[PDB]
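To begin, one chain is listed below as structure tokens, in the form deposited without this ligand.
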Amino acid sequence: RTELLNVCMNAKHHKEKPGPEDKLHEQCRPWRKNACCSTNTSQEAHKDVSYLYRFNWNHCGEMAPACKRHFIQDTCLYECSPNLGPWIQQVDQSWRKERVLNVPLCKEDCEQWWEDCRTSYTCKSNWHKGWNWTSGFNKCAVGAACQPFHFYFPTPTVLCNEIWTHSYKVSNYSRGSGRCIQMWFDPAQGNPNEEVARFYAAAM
């Protein structure tokens, strides 16, 4: 555990520095200029490990567009943020890229994600493991009943903390405090997570 600021973990589980965003992640607009989902300077083998065109958000029927928007933000933060270094667990190489633990997600990001997913459906509370991937995309395992989102995630805390097995630990702090990570931002007005990484690098 060395470099914590402006750093990435790639799909081969080596640390790397960020760079200009790649074409696959074009919709991840906040990270266009400085991203861990970056172009490569060498002829590294091309294999997309992104969830953007891989994960089946509609495993229990149509996910409401408002819910999907949060999942896009979530995916973009995980795949592109160069400000998660303080939470990277380097011994764990079992995720598609970095394993992060207890990232202090801003209160608003979590509560509104939970609200906006009220009318969507899912079949499990931990989305990292346990899917049936034989069709190429993930489907619910046999016996895993589709239910309203709040059946499996009864509070915002349960959603944000459990969905990716403690990747997030929702904060009591809110946006603008410099003490929590937000899932999206306007880049022309500045990346607020840079300050947040600095704060926790000094504490962790």
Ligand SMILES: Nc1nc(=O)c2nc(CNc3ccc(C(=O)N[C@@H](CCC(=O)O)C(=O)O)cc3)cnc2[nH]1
The other form holds:
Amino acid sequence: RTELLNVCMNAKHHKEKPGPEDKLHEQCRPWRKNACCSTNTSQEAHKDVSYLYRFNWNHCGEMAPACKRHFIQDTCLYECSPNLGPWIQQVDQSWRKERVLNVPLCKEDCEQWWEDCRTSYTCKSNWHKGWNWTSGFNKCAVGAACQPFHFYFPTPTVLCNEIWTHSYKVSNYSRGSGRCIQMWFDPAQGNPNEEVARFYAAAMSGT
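Output block for the form solved in complex with this ligand, input the form deposited without this ligand:
Here you get just the chain by itself.
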């Protein structure tokens, strides 16, 4: 890994190399110029128990739309962003050889995600391991564990860092600081993560 810019991690759905995709579905639209995901992936990203991982958002009842939109974006960012190389790492697991860790998610992005999920429910603080997939999709391990979202995710930082086993590491930097990754951004103003990756790919460059 000498070049961590404009590259795609090696996961279950990513393409081998970045490339235009003017057919990406709604939320994944900001990545039409250059994406790591396919038209199909972006489409499935907006569906419940998608073809991607059969993940069920409604494990503790229907998750509020205002909250699911944040999980859909995360899917877009994770499955389409070509600016995550500075955080790519090899884990070697049944479904993905590589993945991202400690991505510096902007302070706001994490606080907004957290906020919009207050009215939602969940039974775990780690959505990567622990589910009961017997039914074909994940269901609560301990069915009686359902509680308000903030019960398992007390603070924004706990939600963004823990939920996806540390794929994120909420930064103190805010949107626009050029030092943090944004999962929400207006493509008409440009992709702000290009500059961020470049910055970090340099801080770890050389030695």
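Residue numbers count along the first chain shown, from 1. For clarity, a rigid core is taken as the largest C-alpha set superposing within 1.5 Å between two forms.
Following superposition on the rigid core between the two forms, the residue from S167, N34, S171, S50 with a C-alpha displacement of 2 angstroms or more is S50, and no other. Core-superposed comparison between the two forms: the Cα of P20 travels 2 Å or more. After superposing the rigid core, the Cα of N191 is displaced by less than 2 Å between the two forms. Core-superposed comparison between the two forms: the C-alpha position of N126 differs by less than 2 Å. Overlaying the rigid core between the two forms leaves the Cα of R96 displaced by 4.2 angstrom.
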